[PDB]
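Okay, so here's just one chain, in structure tokens, the form deposited without adenosine monophosphate (AMP).
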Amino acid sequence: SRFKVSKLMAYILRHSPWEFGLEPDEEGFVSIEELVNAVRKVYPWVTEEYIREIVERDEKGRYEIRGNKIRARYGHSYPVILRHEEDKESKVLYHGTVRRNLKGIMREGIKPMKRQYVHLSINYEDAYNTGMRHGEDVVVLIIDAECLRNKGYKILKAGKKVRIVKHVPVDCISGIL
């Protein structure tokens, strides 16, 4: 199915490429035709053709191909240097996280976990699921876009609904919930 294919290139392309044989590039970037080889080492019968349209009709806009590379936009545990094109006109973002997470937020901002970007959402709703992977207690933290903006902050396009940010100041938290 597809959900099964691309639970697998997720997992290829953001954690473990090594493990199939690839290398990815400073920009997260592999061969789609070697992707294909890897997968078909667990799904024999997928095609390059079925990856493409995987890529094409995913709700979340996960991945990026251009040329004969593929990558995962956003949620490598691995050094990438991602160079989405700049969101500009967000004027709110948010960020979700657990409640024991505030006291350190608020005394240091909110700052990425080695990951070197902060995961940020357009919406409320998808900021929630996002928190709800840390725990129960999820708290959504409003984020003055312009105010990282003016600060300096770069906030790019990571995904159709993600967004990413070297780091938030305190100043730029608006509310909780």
Given for the second form:
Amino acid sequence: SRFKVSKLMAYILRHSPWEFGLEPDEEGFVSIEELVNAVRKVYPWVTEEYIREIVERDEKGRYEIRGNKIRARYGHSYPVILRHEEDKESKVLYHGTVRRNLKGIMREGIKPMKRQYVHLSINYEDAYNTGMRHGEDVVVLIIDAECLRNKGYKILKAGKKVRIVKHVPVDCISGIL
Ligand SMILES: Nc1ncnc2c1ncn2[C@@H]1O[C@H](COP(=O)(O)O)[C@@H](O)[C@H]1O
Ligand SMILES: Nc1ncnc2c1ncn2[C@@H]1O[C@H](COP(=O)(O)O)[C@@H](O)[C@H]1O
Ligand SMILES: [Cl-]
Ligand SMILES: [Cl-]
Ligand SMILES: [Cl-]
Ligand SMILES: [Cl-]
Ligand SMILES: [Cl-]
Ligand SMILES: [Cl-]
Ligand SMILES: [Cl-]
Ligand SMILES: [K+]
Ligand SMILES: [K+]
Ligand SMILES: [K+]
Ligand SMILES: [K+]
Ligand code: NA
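Take the protein just shown as the form deposited without adenosine monophosphate (AMP) and give its structure as the form deposited with adenosine monophosphate (AMP) bound.
Full complex below, order starting with the chain above.
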């Protein structure tokens, strides 16, 4: 299924390319032909056309293809440089997290923790669902993106809904949901 193959694509492109003999470039790109070869080690019926269809149909915009190169746009667990188009349109964004982080966030802002980018979403439901990944005490922070930009932070379009930024200062958090 698309769900099973996309799950393997995401694992290879974000977390363990070397396991499949792929070496991502500094921006996380690998040869799409080599990704087909890697994926067919699990799912031999997969084709390059299929992988391209998965990219086109992915509801989050998880994947990006440029020429012969394919990458995950966000979510890597290894170091990657992500030079995505700037989001200049959003005025409000959302950050889903858990209540236990509020004390630290309220003093320090939203900080990069292991990855070098803070993850935001244009969609409140998406942020809520993403916060649920860290537990049941979910809170969603409303972020004044215009304020973020005015402070000189560039917000990049990493998916259809995901947005990335270096840091969210406390005074850009307008509310807690
Ligand atoms: N079910 C999940 N629970 C927790 N973290 C996840 C889950 N799925 C993916 N992740 C992590 O969150 C990132 C984004 O997932 P997604 O936005 O669904 O592509 C992944 O690259 C992983 O780092
Ligand atoms: N200052 C902070 N104190 C505590 N937790 C934070 C802080 N800044 C960010 N976080 C959390 O760190 C986590 C990073 O998740 P991810 O960006 O998916 O790796 C999210 O749950 C954030 O809400
Ligand atoms: Cl690996
Ligand atoms: Cl693309
Ligand atoms: Cl990321
Ligand atoms: Cl990049
Ligand atoms: Cl680039
Ligand atoms: Cl979020
Ligand atoms: Cl997550
Ligand atoms: K995609
Ligand atoms: K990648
Ligand atoms: K506090
Ligand atoms: K984050
Ligand atoms: Na997370």
